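With chain F held as given, fit chain C onto it using these hints.
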Amino acid sequence: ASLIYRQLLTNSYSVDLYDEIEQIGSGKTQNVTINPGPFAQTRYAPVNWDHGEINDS
Amino acid sequence: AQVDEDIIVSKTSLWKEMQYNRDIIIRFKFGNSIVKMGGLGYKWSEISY
Numbered sequence: 002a003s004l005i006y007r008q009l010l011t012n013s014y015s016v017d018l019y020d021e022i023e024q025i026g027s028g029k030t031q032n033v034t035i036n037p038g039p040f041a042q043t044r045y046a047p048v049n050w051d052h053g054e055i056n057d058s
Numbered sequence: 247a248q249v250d251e252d253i254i255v256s257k258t259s260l261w262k263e264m265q266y267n268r269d270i271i272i273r274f275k276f277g278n279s280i281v282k283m284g285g286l287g288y289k290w291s292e293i294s295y
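Chains as they are written, first to last, in full-length UniProt numbering: chain F, 2 to 58; chain C, 247 to 295.
Extracted from the complex, chain F is given alone in its bound form:
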């Protein structure tokens, strides 16, 4: 019964087929690789509030 190990080693190539099968079976996702470089947050502006355009006559 020693030939079990010999047979498994010799026939091990079929695991490539098994890998292809499980690859086809598995669902897939992916990445949108993130950007670095938010090193400078930006404020709005120097903003001053005032009454609008008065309509004089």
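Just so you know, the hints here were simulated from the structure itself, not pulled from any lab data.
Treat each hint with caution, since some may be false.
Unchecked claim - Quick list of simulated restraints, FRET-style, between CB atoms: (1) C:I271 with F:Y45: 23 to 33 Å; (2) C:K257 with F:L18: 47 to 57 Å; (3) F:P37 with C:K275: 50 to 60 Å; (4) F:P37 with C:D250: 25 to 35 Å; (5) C:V255 with F:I55: 30 to 40 Å; (6) F:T43 with C:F274: 32 to 42 Å; (7) C:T258 with F:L18: 42 to 52 Å; (8) C:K262 with F:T34: 16 to 26 Å.
Here a beta-carbon is modelled for each residue, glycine too, at the ideal position from N, C-alpha and C.
Below, chain C without anything else, positioned relative to chain F:
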């Protein structure tokens, strides 16, 4: 110059968009301007907001 031209003043930055939903009490009083007319004092030239 009569030509297009661009630069970039500062690199990218983060901005969140958010909702502020407050209640407000606006109170106000109108304004009236009244002015005479050169004369005896019977003609009013302007009575306007």
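Status of the hints after comparison with the structure:
1. The hinted range of 23 to 33 Å is satisfied by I271 (chain C) and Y45 (chain F), whose Cβ atoms lie roughly 26 Å apart.
2. Our hint of 47 to 57 Å for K257 (chain C) and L18 (chain F) holds, since their Cβ atoms are close to 50 Å apart.
3. Range check, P37 (chain F) to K275 (chain C): about 55 Å between beta-carbon atoms, so the 50 to 60 Å window is met.
4. Against the hinted window of 25 to 35 Å, the Cβ-Cβ separation of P37 (chain F) and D250 (chain C) comes to about 31 Å, which satisfies the hint.
5. For the pair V255 (chain C) and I55 (chain F), the beta carbons lie near 34 Å from each other, so the given range of 30 to 40 Å is met.
6. Between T43 (chain F) and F274 (chain C) the CB atoms are about 35 Å apart, so this pair conforms to the stated range of 32 to 42 Å.
7. Restraint check, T258 (chain C) to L18 (chain F): a C-beta distance of roughly 47 Å satisfies the suggested window 42 to 52 Å.
8. About 22 Å separates the C-beta atoms of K262 (chain C) and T34 (chain F), a value consistent with the hinted range of 16 to 26 Å.
Of the numbered hints listed earlier, not one is contradicted by the structure.
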